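Here you get one chain, nothing else, as structure tokens; it is the form deposited in one PDB entry.
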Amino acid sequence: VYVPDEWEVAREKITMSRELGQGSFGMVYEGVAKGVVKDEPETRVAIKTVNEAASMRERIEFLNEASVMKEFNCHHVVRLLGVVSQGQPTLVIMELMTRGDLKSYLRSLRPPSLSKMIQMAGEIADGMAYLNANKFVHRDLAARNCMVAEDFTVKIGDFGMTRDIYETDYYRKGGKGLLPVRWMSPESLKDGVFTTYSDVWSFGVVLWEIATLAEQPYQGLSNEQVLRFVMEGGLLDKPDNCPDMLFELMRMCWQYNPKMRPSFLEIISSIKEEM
């Protein structure tokens, strides 16, 4: 089961406003929470819900997925603030990222400086180095799962695979689970091997998204064509107008042998040696 703890928040302290989109287990909303941040009477929050229909099994899956976040203390990972495990619906509340997901934000820009692009890259790498140091492999790192604050700071999040807006980013390979095949490493595509090294592959696709303002990777290829192209050692082209430094960083992340890719710590160092 799930054992309630000091992260429990009384439900009456939480107010919902408009919806943010369909999560893995239910609708996600924007809202306000009383008594969750020190020196702060009201806090704007994201509220993740479980469908009333969902099984007690799936409720416990949702809670135990949020319990991973209790261990986190990184300002580049979206922060847990509370859990509502008592009564229906089951909620978890987090810090609200007012500008939404990075894919949406990049689409909205449709000429960033190397400076702004490398700053975002470094913010993402900060949160991914932290997660990978805490034995967390994200498996769906992509601009659509990065989140943008009021101040334009980027943080790692996860909105799951079920939002209608990003239906084209997922393939039900063999009719089974949805897979983000255009962001997946060769070894993830071939053998279902997901590692810190496959997160670094996906990071290189996020850099390509930054540099294209979130074009579709491998536009023109079907999902089956992407599988073959990437597993046979094919790569995304250098984006139009791409700075040398950003494309070089992408190429490092796309080494076919996962042991040849930089770690996120090495990415942060090489971004700090430009600054």
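Residue numbers count along the first chain shown, from 1. Between two forms, the rigid core is the largest collection of C-alphas that superpose within 1.5 Å. First, how it differs from the form deposited in another entry.
- Just one of the listed positions, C242, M231, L221, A46, moves its Cα by at least 2 Å between these two forms when the rigid core is held fixed, and it is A46.
- Relative to the superposed core, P89 undergoes a C-alpha shift of no less than 2 Å between these two forms.
- In the core-superposed comparison between these two forms, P258 has its Cα shifted by less than 2 Å.
- After superposition on the rigid core, the Cα of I14 moves by 2 Å or more between these two forms.
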Given for the second form:
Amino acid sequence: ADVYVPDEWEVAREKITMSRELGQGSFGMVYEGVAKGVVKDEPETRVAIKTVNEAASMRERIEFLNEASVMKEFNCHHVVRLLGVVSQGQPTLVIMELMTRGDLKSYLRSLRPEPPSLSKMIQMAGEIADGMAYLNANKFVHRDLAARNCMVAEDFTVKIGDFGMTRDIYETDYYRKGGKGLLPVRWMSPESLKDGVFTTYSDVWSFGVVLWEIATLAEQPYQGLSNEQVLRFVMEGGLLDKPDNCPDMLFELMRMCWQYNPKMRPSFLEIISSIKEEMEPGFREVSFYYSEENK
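Show the other one: the form deposited in another entry, since we just had the form deposited in one PDB entry.
There are no partners or other molecules in what follows, just the one chain.
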């Protein structure tokens, strides 16, 4: 077996059926399929099946497994769910909640004329903020919040995905610096760019950039600035320009998230409270915000 430390998340491979490809993932191809007994009331569930290249060592396979194991601790409607792991023998698999529409950056670019209404943009923002508020409440700091790291469900619901996970696909969204490691510099707070430290406040900064991506259909932030120019611009108080035809209140939220002083930024909870009224009816029943765990 691709033996790491198996735990209660292991699922027999005979319970998984792979139907067709979804697309290339960082460690290998991702397929859609069905898994038996991964959800309480469901005999079988439609799922996403992540695989690792046939060419891959024990270390790399264990890496793939360890990377996925962070989500074992999450249980939130607005965070993509991990459903199982096949670590015993080849091929190594990770079973996840199926999100048919792929990553949010790709979804956004697919809407290009060659877009979401303000109410639809608020809905995405609220869903993303709810997933983040849930993570921050549980002491988790994402460190790589960006549209590329959010996923879109069949019914269009947006959910938080893995830190990185979509790093080998959008390589230009990363830059090698700070201990010469790949960092998503165009999404990073000025304080993180300076000392390499990430907090819930810096996750909120990144959230502002996500709003900006949504408002521009995922253009590259700071287009026209090199990676090195970005570091200097942002560290010295520079901000992204209000997108063309961007609703005022959306840009207002961005500016709040982009306060130079991290303590001046709103919390994900505060963001949600400000748009709560605009969220579709069912938000009350599925959100972390309105849950008994939020308090």
